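Left out: one protein chain. Kept in place: all the others.
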Amino acid sequence: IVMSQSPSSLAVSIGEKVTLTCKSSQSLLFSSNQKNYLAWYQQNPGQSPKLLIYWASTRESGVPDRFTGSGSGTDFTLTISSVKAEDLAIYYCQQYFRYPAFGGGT
Amino acid sequence: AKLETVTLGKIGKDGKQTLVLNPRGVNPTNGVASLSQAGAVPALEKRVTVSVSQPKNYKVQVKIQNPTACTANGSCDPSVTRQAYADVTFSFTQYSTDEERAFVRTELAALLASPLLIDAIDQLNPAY
Amino acid sequence: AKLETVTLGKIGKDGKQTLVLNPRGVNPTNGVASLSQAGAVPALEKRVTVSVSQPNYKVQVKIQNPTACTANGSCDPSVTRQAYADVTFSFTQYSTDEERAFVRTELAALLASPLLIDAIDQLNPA
Partner (left out) sequence: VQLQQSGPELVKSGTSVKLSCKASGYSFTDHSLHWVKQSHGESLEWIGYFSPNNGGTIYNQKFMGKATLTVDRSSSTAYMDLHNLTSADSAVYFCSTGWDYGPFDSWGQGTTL
């Protein structure tokens, strides 16, 4: 399952309402009830990454409210309410059913 | 509605768990369906049974039960210590349109996530 | 927790209605806490009751929905048919929090599956 994403790099500096988009090669409505199986990770260049959003719309505990995620059947996106001082580094996307598969970059 | 595998998502206390359960036939004696989770041991798996009756009013019944296993010393095969039960029943009538039944089902489904129920069940404290 | 106004969203077949209900006291005889909706008529009332017991702990929830029809040759309305519901939990003394939460969440999520909606909305055996 290939997980295509936005181009490699952006150049947003400050204040901009930057959004990150992603596309899937197969519908992610695996669960019987209508629940998606995506998750967004961010990784600083130094240490291991962290988890930000799971189920494509639920924020993880200990995350500022500036992050917001919305999802659809096969076209997902990640929008942040403006960029703060420390919101840089690579952002990853993952599906975690059957065979997990990452893919993409910033 | 033919029986098939059901995958529930976003469950648990923290909201990250999930379970997959698959059909296990229908009992001809009383016409009750069955489902269970592939737990590698027939006696330590969560199971669900759903059945709808016929008339002078209809009746839908759902039962949920799941055991907890503990391997006490002096033995090798695990046994069951305690079990948690559940029960749901509906009593619609003949002249009831699908709108009312759907309203009742949605009301019951959304009433199990309000703070009142999640406080009265998880902590077992009576409402006052 | 003490009783308070409870509002429910995305209720209905199409997921657009909204049900708001407020407390209606506590019965001291057997300790059931009631709820009700301000429908301006006590008889045509959607009510919900919840109560827990003390020792094998038992939790019970009942839902009642009356349907009003304009009686022929009369002024005041009367109830024709009623729709019931019931939930019963039977945890034990040594059961932890995680087991009860798992059971409650499983019951809540399973009730929105296509199997249950087919078995309830259309009343066809599985």
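Residue numbering begins at 1 within each chain, and the chains themselves are lettered A, B and C in the order written.
Just so it is clear, a residue touches a chain if its C-beta (ideal position, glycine included) is under 8 Å from a C-beta of that chain, and two chains touch if they have at least 3 such contacts.
**Student:** Specify the residue from the set A:76, A:91 or A:92 that touches the hidden chain.
**Tutor:** Considering the complete complex, A:92 is the one touching the chain left out.
**Student:** Of B:18, B:49 or B:61, which sits in contact with the chain we cannot see?
**Tutor:** Residue touching the absent chain, from the options given: B:18.
**Student:** Which listed residue (A:13, A:34 or A:48) would be found touching the missing chain in the intact complex?
**Tutor:** A:48
**Student:** Tell me where the left-out chain touches chain B, residue by residue.
**Tutor:** These residues of chain B touch the chain that is not shown: 16-18, 39-40.
**Student:** Considering the whole complex rather than only what is displayed, give the residues of chain A touching the chain that is not shown.
**Tutor:** 37, 39, 41, 47-49, 51, 54, 90, 92, 94, 96-97, 99-105
Heads up, the rule we're going with is that only the chains that are shown with their structure count from here on.
**Student:** Please report how many Å separate the Cα centroid of chain A from that of chain B, as a whole number.
**Tutor:** Using C-alpha averages as centres, the distance is 34 Å.
**Student:** Between chain B and chain C, what is the separation of their C-alpha centroids in Å?
**Tutor:** One centre to the other, that is 17 Å.
**Student:** Counting only residues that touch at least two other chains, what does the list for chain B look like?
**Tutor:** Within chain B, residues 6, 8-10, 15 contact more than one other chain.
**Student:** Touching two or more other chains, which residues of chain A qualify?
**Tutor:** 32-33
**Student:** Residues of chain A touching chain B in their complex?
**Tutor:** 30-33, 35, 37, 54-55, 58
**Student:** Touching chain B in the complex: which residues of chain C?
**Tutor:** 1-4, 6, 8-13, 15, 17, 19, 26, 31, 33, 48, 50-52, 57, 59, 61, 63, 65, 67, 80-92, 94-95, 97-126
**Student:** With touch defined as at the start, can you tell me which chain B residues reach chain A in the complex?
**Tutor:** Listed in rising order, the residues are 6-10, 15-16, 18.
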